Structure formats: C-alpha cells, structure tokens
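Chemist: In case you want the letters, here they are:
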Amino acid sequence: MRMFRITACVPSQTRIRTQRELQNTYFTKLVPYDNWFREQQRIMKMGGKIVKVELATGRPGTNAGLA
Amino acid sequence: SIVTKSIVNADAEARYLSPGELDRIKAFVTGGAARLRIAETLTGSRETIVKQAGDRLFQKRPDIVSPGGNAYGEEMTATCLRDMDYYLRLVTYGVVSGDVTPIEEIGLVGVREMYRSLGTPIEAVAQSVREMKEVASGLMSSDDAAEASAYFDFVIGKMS
Amino acid sequence: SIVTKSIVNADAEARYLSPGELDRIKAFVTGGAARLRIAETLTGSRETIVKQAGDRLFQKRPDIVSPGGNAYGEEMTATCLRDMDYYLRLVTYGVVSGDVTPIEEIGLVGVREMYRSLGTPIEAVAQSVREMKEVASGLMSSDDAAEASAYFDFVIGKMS
Amino acid sequence: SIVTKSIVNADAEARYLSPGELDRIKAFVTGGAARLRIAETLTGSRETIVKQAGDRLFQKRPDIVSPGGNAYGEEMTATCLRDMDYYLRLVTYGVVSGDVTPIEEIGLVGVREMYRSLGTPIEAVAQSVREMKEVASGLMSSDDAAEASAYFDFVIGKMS
Amino acid sequence: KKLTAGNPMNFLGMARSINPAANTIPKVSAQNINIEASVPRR
Amino acid sequence: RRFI
Amino acid sequence: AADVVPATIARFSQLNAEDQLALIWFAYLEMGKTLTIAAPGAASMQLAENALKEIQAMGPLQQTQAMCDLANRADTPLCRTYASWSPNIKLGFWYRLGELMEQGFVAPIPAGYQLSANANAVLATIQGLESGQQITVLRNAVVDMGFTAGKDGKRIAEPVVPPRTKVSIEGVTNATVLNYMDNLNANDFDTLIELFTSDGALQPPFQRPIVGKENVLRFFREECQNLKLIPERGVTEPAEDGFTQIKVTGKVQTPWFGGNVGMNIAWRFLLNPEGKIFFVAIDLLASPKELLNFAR
Amino acid sequence: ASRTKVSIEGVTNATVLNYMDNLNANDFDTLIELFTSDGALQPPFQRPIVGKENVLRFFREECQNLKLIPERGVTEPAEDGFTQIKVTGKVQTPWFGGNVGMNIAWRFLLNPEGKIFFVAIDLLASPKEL
Amino acid sequence: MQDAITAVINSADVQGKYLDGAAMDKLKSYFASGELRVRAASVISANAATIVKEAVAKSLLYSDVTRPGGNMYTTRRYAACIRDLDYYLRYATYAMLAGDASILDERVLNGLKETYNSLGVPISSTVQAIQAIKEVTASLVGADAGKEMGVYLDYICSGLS
Amino acid sequence: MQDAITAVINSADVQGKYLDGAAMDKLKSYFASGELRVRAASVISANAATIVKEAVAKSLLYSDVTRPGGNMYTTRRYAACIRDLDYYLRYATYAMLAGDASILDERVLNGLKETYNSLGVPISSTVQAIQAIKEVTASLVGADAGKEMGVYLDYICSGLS
Ligand SMILES: *[C@H](C)[C@H]1/C(=C/c2[nH]c(/C=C3N=C(/C=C4\NC(=O)C(CC)=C4C)C(C)=C\3CCC(=O)O)c(CCC(=O)O)c2C)NC(=O)[C@@H]1C
Ligand SMILES: *[C@H](C)[C@H]1/C(=C/c2[nH]c(/C=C3N=C(/C=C4\NC(=O)C(CC)=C4C)C(C)=C\3CCC(=O)O)c(CCC(=O)O)c2C)NC(=O)[C@@H]1C
Ligand SMILES: *[C@H](C)[C@H]1/C(=C/c2[nH]c(/C=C3N=C(/C=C4\NC(=O)C(CC)=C4C)C(C)=C\3CCC(=O)O)c(CCC(=O)O)c2C)NC(=O)[C@@H]1C
Ligand SMILES: *[C@H](C)[C@H]1/C(=C/c2[nH]c(/C=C3N=C(/C=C4\NC(=O)C(CC)=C4C)C(C)=C\3CCC(=O)O)c(CCC(=O)O)c2C)NC(=O)[C@@H]1C
Ligand SMILES: CC1=C(/C=C/C(C)=C/C=C/C(C)=C/C=C/C=C(C)/C=C/C=C(C)/C=C/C2=C(C)C(=O)CCC2(C)C)C(C)(C)CCC1=O
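Chains as they are written, first to last, in PDB author numbering: chain C, 1 to 67; chain D, 2 to 161; chain N, 2 to 161; chain H, 2 to 161; chain Q, 208 to 249; chain R, 201 to 204; chain B, 17 to 179, 185 to 317; chain b, 183 to 312; chain I, 1 to 161; chain M, 1 to 161.
Think of the hints as simulated: they come from the structure by calculation, not from any bench.
Please note: incorrect hints may appear among the correct ones.
Examples of chain N residues lying across from chain M (beta carbon under 8 Å, computed) [unchecked claim]:
hint: 1; residue: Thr5
hint: 2; residue: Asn10
hint: 3; residue: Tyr17
hint: 4; residue: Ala35
hint: 5; residue: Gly74
hint: 6; residue: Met77
hint: 7; residue: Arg90
hint: 8; residue: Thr93
hint: 9; residue: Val97
hint: 10; residue: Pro103
hint: 11; residue: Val112
hint: 12; residue: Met115
hint: 13; residue: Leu119
No residue lacks a Cβ here, since even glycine has one placed at the ideal position from N, Cα and C.
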C-alpha cells in the first residue's frame, strides 16, 4: 500500500499537562494513504501544524497495482 | 493479479502462501493461454462490441439519447460509447490478471461519485456493460464466454 | 425546531442555553404568527404549487417522462408528483419550526440510497423542488418568499 | 465570536452552515452596534472602574495589602490594579465578540496555576472582578449592564 | 379502500391533467458515430 | 411501470 | 465520409455576425417542428439567472445591443459572463431569450425581417439532421459567442437598426382619452401628466387608487416603460356633477403586472366637466391566464 | 331582510345566486363549495387568490358580517366553455374602503359544471375615495 | 481559526490595549457586511455541487488531465479531485463568512502543498480549477459577494503556489 | 428529542398531512408561552448553583447519607451527588423550554434506574432532593413558571420511582 511519512507539531490548547508530552506533540509517523486525508483533517482541527509530508511508500501516478 | 492478491492475503498473516494460494497460482499460470485468447478476442472486436452494445442500450434506454438525456447529442453519444470502450478495456485487464483488482483500481473506485458529478445515470452504465457481455458472449466459445462473463458481471454488480 | 436545535447545541456543551440562543428563541416565538401565515399560504396552494412545478419539470426534463425515463407513464408520473408533494409539505414543516431538522430527519437522510435503489435521477428531484420554489415564490411577497426560500434551498442543496 | 463557533460546528460535520445558523449570524451582526456601545462605555470609564474596584476590594481584603500580603506596598498594589485592568480589557473583548472565548484563551486557561505560583490568593482576584462588575454596572443602563454581566461573571466563575 | 395521504393514486388526476409529452423516438445510431473524432476536446 |  | 456535424459547424462559422444571429433566432422558431426541443433542466441555468434578469431590466434598445454584443464578441461584462458558461448553459440561455422575445419581455428582431440566402441554406442543412446532430451543431454555433481573452474576433459587427400614429377607438372620440393613449404608448410622461389634475388619482391594476399628480407622475416613470396599450372599443357618458365617465376597453401587447402579450384590459376614465382627468381606473381582465395570482 | 332570497336583474345562474345568498348568510363553509378546486377570487384593489383554503382564509378573515345587494347583472358565454356572468351592485357595510355609496361589480367565470372558477370583486370608486 | 472580530481583538491584545476608534471602525465595517456574506453563503450552499460540476467541466474535462496519463484519469482519481474542489469551495465560504483567511491557513494550507507534490497532483491544473470555481461562483452570488469569494479562493490558489 | 413544535409536526407527518387550523392553534399556544419559558430559563441558569445548594441543605444534609458509611459521604460522592442534581435541574430547564418531556425519557431516564441500583444510590433520597429543587425553583420563578418546571422535575422523579 502507499503510505505517507508525515511530521506534525500538535500544541496543547485547553490544558496544562504535567506528564511528558513531547512524544505526542512533535512526531513523525507513517500513515496509510487511505487514512491521510482524514488524519490530516483531524490534526488541522486539533490545531496541529503539518510540517512535512512525504510519500514514503508507493509511486506517484500509479493506476493499477496499489496493493 | 491473482498473484498479488495471494501475496497480500499471505503477508497479512505474516506467513508463506498456503497450498491453495499456490495451487490457484499454478492453475492460473498454466491457463495463461486461454485467458490471453479471450483478451485477444475481446480486443479484436472491441469496435464491434461497443457499437452493437450501444445500439442495444439505446433500444433499452431511449431517454438517455433524447432531449434532456445525459448522452443526448452526437458528441455526448460518442463520449458515452467512449466510456463503454473504457470498461471493455478494463474487462480485458481483469481476464488476463485473473483478478478484479485492476478493474476496481481504475474504473470502479469512486465511479459512483464521478458519474454523480457528471449527471450520468449509472444504472444505464450498468446496462451498457450488460449489453457488451451479451454481444461479446457470441464471439467466443461457451467456455471462453463463461470466464469472460465473470469479469463483465463484476462490473455490472459494482455499478448495480 | 429552533428550540430543539439550540437545546441539543447546549446539551452537547453540558451548559444552559446562552443569552444569544435564548434571544433567538424569543424572537422566533414573537414572530410566530408571520411564519404560520407563510405555511398557511403554502398549504392552501399546494395543489397548484405541485401541479405547475411538475408541469414545468417535465418541460425542463422531458427525458424523465419519455420511454426509459423513471417517470414515464401516468402512474409513474403520479408518484413523481406525490414525491414533490412530500417535499413541499416538509418545506412547510421547516417554515413553522424555524429549523431544517424536521426536513432532514424525514426526507433527506438516506435520500441518495432511496432514489438510487428506485433508479430515480436525484438531480431531477432537485430540479422539481427548484420548480416548486419559483411557483411558491410567485404566490407571496418577496420577504415571505425569502423566508420560505431558505428551506427550499436547503432541500435543493442536499439532494443536489 | 458566534461566527467562528458556527463555522467550527459546521466544519465538524463537513457541511455548510444551515439556515438557522446563518439567521443567528445575521442577528449577531445587527446587534453589533449595541455591543460596541457597551465596550466603548467600559473603555472610557476603565480608569475609574479599576480605581474604585481596587478601593472596594482592599476594604474587603485588608490582608492582601497588609504586611505579608501579596499586593503589599505601592509597587505590588499597583501591579494588582494592573491585573484588574487586564481583566477589564478582556471583558471588553468578550463584549464586542459576543462570546467569552477571548477571555478564556487570554486570561482564564491556567490562571490558577499562574497565581498560585505568584502566591496570589485567587479568591481575592475573583473578588476584585466582582468589585469591577459592581462599579461598571453603575455607569450604563440596566440592559447594557445585564449584557456585560455575563462576561464579568464568567471571569468570576472560572476563579470560583 | 379509502385513499390515504402519500398514496400516488391521489395524484393520478394531476398526472393526467398535466399530460406530459414524451420525447420522440430517437433515431441515433451507434454504428455511424466516429468515437475518436466526436468526443469533445477542451 | 404500474403501482396498481 | 459524410461527417455532417462538423462540416455544418464549419459553415456556420463562415456566416457574418448578422447571419449567425438571424439563423439561431429562426432555428428557435423551428424548434419543436423541424428542430429539436429544449431541455433546460439538463443545463445549470441558475448560473445565467442573474444575467437574464439584467437583460430583462434593460431598455428595448439595450437588449438588442446586448445580443448583438454576444454575436459580435464585443468586450462587455455580459459577454464575459457569457463566455464563462458551459455549452449547455449558453444554448439554454439563448433559448430563454427566444422564449422571452416571443413573450415580448425582450425586444424582437427588426419588423418583417428576412433570413439571408446563405443563412437559410445552413438552416435547411440543420433541419435535415437527426435530433442529436442538431443540438450538437446548435451547441457549437453559440459556444464561441461572447468575449474570450485570446484568439477571437469578427470581421463585421451587426448593429441594430436605429429604430407613432394616432390610436382609433370604437365609439369613443374624446380627445382627452386620445391624447392619453397616444401619450402613454409614446412613453411621453412629461406630456401625459398634463392630462391629470393636480389633485387627480390613478388606480393601477391590482392596486389601490394613488392620489396625487406627483405620485401619478412618478408611477408612469416607473411601471409603464416601453408599454403598449391598445384600446379597441368604448363608450362615453356624463355620470355626476358634470364629470364624464368613459369606459374604453382593449388589449395590452406587452407584459404588465403579470399580464401577457395577449391580455385584455379596461380603462374607466373620469375627467372634469371642463377638461382633464380627475380619476382613472385600469384593470387587466382575468382569463385562462392566471399567472398574476398571488396567495395570502 | 334575512327571510328573503337574493334577486339579480338579468341573471338567473344558480351558482351566482347561491354565492350571493351564502355570502350574505355568512356561512363561509357552505360558500366555498361553489368554488372550483382551481377556483380563484380577486379582492378589490388586490391580486387574485388561488386555492380553496386560501380563498376561505380571505373570506373568514376579511368578509365578516358584510351585506351586499345585487342590483342588475348580465350573462354571456366565455371561451373554453366557461359561462361569464357580470353583476353590478352596491355595498352597505364599510368594505375595503367606501361606505354605502360605492358600486360593486362581480365578474363570474363559471365552470361548465357550475363551480366558480374565478370571481372578481371590484369597487367602482366614486369621485369621493371614502 | 479567527474571524474578522477575533482578528481585531488579537491585534489589540498582543499590544495589551483596549479597542480604540480605528479598531471599532473595523468591527463596524464587518458588522455592516454581515447580511451580504450570509446571503452569499446561502447561495453557495444551495449550488455547491453544481458549482463544482460546472467548474470541472470548464477547466478539467476533455483535456490531457482527464485522458489516460492525466492525473485525473481513473474514476478513483477523478473522485479524489472532485472531493478536493468540494472542500476548497466550502472552506472559501467559511473564510468569506468569517471575513478572515486564517481558517484557510489552518484547515486548507496546512500540509496540502506537500501532499500534492508527493502524489504528483498538478498544482497548475488545480489552480485553474479553483479559478474556474471563482468564475462560476461570481455568476451566482453577484459581483460584490463574488469578489469577496474570489479573494479567499485566490488565497488558496497562491497558497498552493 | 421532540419539543412542542415538533410534536405538532410529527403528529401531522405520521398521517402525511399538512398543518391544518387546529395544528396552527397548538403552535400559537406554545408561541404565546415562549416569553414565560425564556424568562424562567434565564433566571434558573443564573441561580442553578444556589438552587441546588438550598435543595441539598433542606433535603440531604445532616442525615444518614452524609455520615460516614453513607452514599453521599466522601468528597467524591458528595461532589457526584451535587453534579447529578445539577444535571436534573439543567435537563428540566431544557424540557421546560421545549415544552416536552421526551428529552427526559431520552437523555436522563434512559438506564438511570439501572445505574443507581448498581451503585447503591438511594432512590428515595434523590427523589426527595429533586422535590426540594422543585420547591426552591418555584419560589424563584413564580407559581406559573414554578408549576411548569414542576411538571418536568416531577417527570424525572416519576421516572426514578
Ligand atoms: C518558560 C521558561 C518559557 C516558555 C515556555 C513555554 N512552553 C510551551 C509549550 C511547551 N513546552 C513543552 C516542553 C516540554 N514538554 C515535555 O514533555 C518536556 C520533556 C519532559 C518538555 C521540555 C512542550 C512539548 C510544549 C507544547 C505542548 C504543551 O504545552 O503541552 C509554551 C506554550 C506554547 C504555545 O504557544 O502554546 C510556553 C509559553 N515560554 C517563554 O516565553 C519562556 C521563556
Ligand atoms: C454511456 C454508457 C453512459 C454515458 C456516458 C458519459 N460519460 C461522460 C463523461 C465522462 N465519463 C468519464 C469516465 C471515465 N474516465 C475515466 O478515467 C474512467 C476509467 C477509465 C471512466 C469510466 C469521464 C472522465 C467523463 C468526463 C469527460 C472527460 O472525458 O473529461 C459523458 C459526457 C457528460 C457531459 O456532459 O460531458 C457521457 C454522456 N452517459 C449516459 O447517459 C450513458 C448511461
Ligand atoms: C483536482 C482539482 C486535482 C487533483 C486532485 C487529487 N488529489 C488527490 C489526493 C489528495 N488530495 C488531498 C487534499 C487535501 N487534504 C486536506 O486536508 C485538504 C484540505 C481540505 C485538501 C484539499 C489529499 C490529502 C490527498 C491524498 C489522500 C486522499 O486522496 O485521500 C488525488 C489522488 C492522487 C492519487 O495518486 O491517488 C487527486 C487526483 N488531481 C488533478 O489532476 C486535479 C488538477
Ligand atoms: C472548619 C475548618 C470549616 C467549616 C466547616 C463546615 N463544614 C460544614 C458542613 C459539612 N462538611 C462536610 C464535610 C465532609 N464530608 C465528607 O464526606 C468529608 C470527608 C470525610 C468531609 C470533609 C459535609 C458533608 C457537610 C454538610 C453537613 C453534613 O455533614 O451533613 C459546615 C456547615 C455548613 C452549613 O451551612 O451547614 C461547616 C461550618 N466551616 C468554616 O468556615 C471552616 C473553614
Ligand atoms: C435539448 C437540450 C438542450 C438544448 C436546447 C436548445 C436546442 C436550445 C436552443 C435554443 C435556440 C435555437 C435559441 C436561439 C435564440 C436566438 C435568438 C434569441 C436570436 C435573437 C436575434 C436577434 C435579437 C437579432 C436581431 C437582429 C437585429 C437586431 C438586426 O439588426 C438585423 C439582424 C437580426 C435579425 C439578426 C439544453 C442545451 C437546454 C440542455 C441539454 C439538452 O438536452
């Protein structure tokens, strides 16, 4: 399957958390192609900044053979 | 193809192909010649198949090529026939690959959305493929028709 | 309804209704008689609203009332006018309620599934409602037409 | 404002604003003139509002301006008046926007943590805002004061 | 049985009175269409 | 198509 | 190698702006008899609704100029708005204008105009095509009108031609009424008002009487532009206090207050024993035309 | 006054005569059956009204306790089979403006079956507006 | 996201000052345009699917983009393209209603340019389709509202470069 | 959820009928009551915390429930009990505004008995507390509005009993 590798910085808005939060604040993750639109919308609504997007897996322009 | 589908099913379980996944790959590859024949018969008479299919569709749905219909007018009938040739081309892809994945990836994923935007009645597009299956079924032996029909019918079912 | 809509908005936030919401409710109840008059107008002229709008629709979309069209024949034509009657009645529900949820819950959730199952061209339904909006608008003053138009446009915008 | 709240609500359902939400927006912009009047009143009387509020608070709470009190001394008591001015400025922001959101985001999220760190008795801050509300409500009509009360109360409520 | 609301029988008279005109039988022919040259180009 |  | 549809489209492109415009109008007349009918529901005509209101609101001279601008590819906001539409919308837009031309809402082609020799032949070719081929040629005839910033231009513009008798009444020969009807059909409100007393009053159709010279004067400037009212017969008598009460009827060949080109009208003139009009009543007579009806 | 039926000179249509009797009797419910399912009514100085329910709403909202006296009416055929009747009379109660001395006219476009497909009430306003 | 009011508030708050005469003027101007924005928003929502239908037919259909080899070829990618345009129009409508493009920065132009460059979606064709949306909308909402919608649709276009 | 208006609409819809004169009478009756409901709702919301405080004082405090081993004992359970009373009052205010109790059957009573019976919450004591809330709010909003709020608080109590 095609996959994106995305970097995002998601701040905290309505609370001052006391545990360590760096892991869920600035992170890089693999997102399946079929989840990126939804996932990108969710991060945007949570105030997150999408800092980097890459097509980690797959090729641009494929018509057949997406797995 | 049938090979990619088998591999995906096996990789989902982090395991090697089971006996059945291997049997069907072996059976499919040995049958490659018959599939390539059907693909060739469909490709050869594609012009005949679509135009004969279009005329039968219009006798079934005269509204679509009458004022107000989506395919009304020469250029629109030509586009409608153009689409029938698309879905014939994808049916040949399905036959040779032994898998309906190429058909879905190219011409059935989001088709309902695309034809909604364009205003085409998709059930009439299903009927068009029902006509091409009939016309194509007459150009081949009964067994070449039974395998070809399976991929036509998958298109018919996905477009309802 | 405007009252239910604001209550569910307030409950979703586990709060009492805000002053802005309470003022909107106060205005709606105090302008109540004006809305009911518009609904009375639509209700009383429902026969002519549907007939004229239906007459216009088939002129605008003759294919739907031609062989192979979904509304071909007097009986299918009757069901199409029935459906238009359904949607007009819903518009009057929206008018008196000051909210579209009565329209949405009765006749827009799953409308695409229903009409694709029946084979009805949904965009022509959007056209039929559109036609009813002109006929209705021409039976009342501009300010009254604007209040009813919002609900006509909501139905049109959802099916289309 | 209620504009952002409506859009955020509409964007959660990936939909356009419904007629009811648009009507609420239209009412909100019409009442804008009244909102601006109140905010101008508070802004024009801010120096007297804070000064009198401070006197009222200190009589009620001599401990805070006594030795050992957080606001003890001229330098600390002036800083305490500055905080009262901050929250008056925030209440003005809430007035013009018709919502408490600017107040929450600038001055009430983590407010307890900050003042606890500074050794400021939060209940005495809550009292100061009550004093400002009393003085401010005396400079405007009953309706205008009732309008502005929601924002004064919101600050008090979040400081318990 | 007495007709009830929503029954399409209630609108048969309206349908007959409107008497919508069907399109004429089309005379289009697939065999005489050159698909490549007829599809619009934009 | 008849509904009767 | 017939290839009729594109070859026919080629011939249309060669016709001059005037012939192209004349052709499509005469094609509109054949629609439903030798040409295909329209299906405006298959176009997103709401895109052209605003442009169609502007044309209706125009004067007769401006309307014809607007359509000549379309055929001449002149650079005007309407032509720019036209060029942004889709082919079906364009054809449906022209269809609406043809419908309104027949309905009299928009100015007609020059009186007694005749289609040129070349244009008539191209029309006949279209007439012989199948329905689907006709709409395709018709779509392409208008697809290129309006203004597009690029490769476009017409050799010859086709300007509209630059362009009042006494009205006969059966049984009525009162000059006061004669001046009014002629003045009314002439849109000479500056003169028509001088037949109404300073304390006169007029009753428009579906309206209460309006009392006042300035009010009646303003009404003419507003709701009677380019309006043609024909009286056919009437009768004159004195009624009361020397006032003369004339009841002349007729027909209106122009849409008016929801009326059609063929709606009958009536006037009840009430004028002074010594001259001009003190009151007048106008009432469009209802008939199978009931498209001016409101609800409550 | 109530114990006499309405009389109109030159006209004998039952639908009109029943209309004139029911209208005065004030029984709007009996009155509206005379109107066709498509029937309309034009109040003086106003556009027509379509729909029985809407026509009634005008009657019960604007036509309360009024007395009209038909005086002399004429009948003639109308196209498509409609029978056009014209009736001239006078008002008694104040009505859309004008008291007693106004002249009313009732143009009836009767449906062959007999129902009132259209009726127009016009006040021939006297030189005094009232 | 911030609307026109919250934008004016934030400008004063960052400097820690009350709303002065100039800030009140900006608030007044936004209030006076409110009825026109809500009018245009109602029109767009009623014709939103039609707007995208006609913008696509005008800018993308019957071209290399939709033929084999074009990025909009395949029903899968055609539908993906139709969705994007549908979201562009709706978010441009929010921005017009709010009178501020911040929602476009946060919920449209936040990773979108880099997603498009990863998948090979042609920006040039996307900008033309959006521009066609701007032309189609102006024909529906008039000129004063259509210019306002064009401001924010242009913001998206330049955001994608 | 259904309010007074949608109760009229639903009764017409299930028969497939437009709203007739009698239905418009019902809508008018509710519109005439709108001002009373709105004013009462604002007074209750501004006094909600104090309404519950006085209801608790006269109905729950200094009894077995607050002594150690009692269901209201421990700060968490006391706080939960106040929160529950806040909920009942807030949903009664919704119901009073809507003029319809259906919200109570849907968003309050659904599974409430099962919840309390599994936790050991005393049903009689909560009913006595709600009745105290009914008495207190009546003395704040008047007899007419107090009796209207009494219907929907009594509706909750009858649901729990
Ligand atoms: C204080 C000396 C300065 C300052 C601080 C400041 N920080 C933030 C936000 C965050 N801080 C962190 C840091 C950490 N999170 C962890 O889990 C750990 C590892 C143990 C660290 C060091 C993070 C992750 C954030 C963002 C998420 C969050 O807050 O939970 C802010 C707020 C930023 C904003 O605009 O929201 C501030 C103000 N700011 C100054 O000016 C001081 C010099
Ligand atoms: C014919 C049986 C029916 C019909 C067809 C019809 N289609 C269009 C327009 C388009 N059809 C497509 C389809 C595809 N493109 C793809 O890449 C794939 C997968 C290979 C498919 C299936 C597209 C993209 C278009 C848009 C035009 C373009 O090529 O860019 C039309 C024309 C509609 C119009 O108004 O332009 C028609 C007529 N119509 C019917 O009524 C039949 C049921
Ligand atoms: C249409 C005008 C053009 C076009 C579009 C196209 N886009 C994709 C794929 C994606 N588009 C997005 C877009 C967004 N994500 C967001 O958060 C926002 C804000 C609302 C937008 C607009 C995303 C995330 C994707 C990838 C994920 C997904 O599509 O679900 C494609 C598909 C490409 C592919 O290889 O499948 C296409 C075709 N393409 C054109 O040629 C037009 C010019
Ligand atoms: C004394 C330092 C402060 C003070 C006390 C005070 N408390 C009450 C009333 C109650 N206190 C409680 C407390 C608890 N219940 C628990 O379960 C726990 C943990 C085990 C605690 C701490 C309760 C439940 C009550 C309500 C009465 C009851 O017990 O039934 C009062 C009386 C208030 C009144 O008006 O009745 C007082 C005076 N008051 C002060 O001013 C001191 C700061
Ligand atoms: C079926 C179908 C449809 C198709 C619908 C169709 C086929 C629609 C076609 C409609 C047609 C044929 C419209 C033509 C209109 C022509 C006009 C108004 C010309 C006016 C000329 C003027 C004013 C010139 C006057 C002149 C002046 C001034 C001069 O001075 C002298 C010269 C001249 C006389 C020229 C749709 C597209 C709707 C949807 C799809 C679908 O299925």
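Chemist: Determine for every hint whether it applies to the structure shown.
Modeler: Hint-by-hint comparison with the structure:
no.: 1; hint: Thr5; verdict: 5 Å, holds
no.: 2; hint: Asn10; verdict: 11 Å, violated
no.: 3; hint: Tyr17; verdict: 4 Å, holds
no.: 4; hint: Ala35; verdict: 11 Å, violated
no.: 5; hint: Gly74; verdict: 23 Å, violated
no.: 6; hint: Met77; verdict: 20 Å, violated
no.: 7; hint: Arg90; verdict: 5 Å, holds
no.: 8; hint: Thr93; verdict: 6 Å, holds
no.: 9; hint: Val97; verdict: 6 Å, holds
no.: 10; hint: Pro103; verdict: 5 Å, holds
no.: 11; hint: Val112; verdict: 16 Å, violated
no.: 12; hint: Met115; verdict: 17 Å, violated
no.: 13; hint: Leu119; verdict: 19 Å, violated
In the structure shown, a violation is registered for the earlier hints numbered 2, 4, 5, 6, 11, 12, 13, in ascending order.
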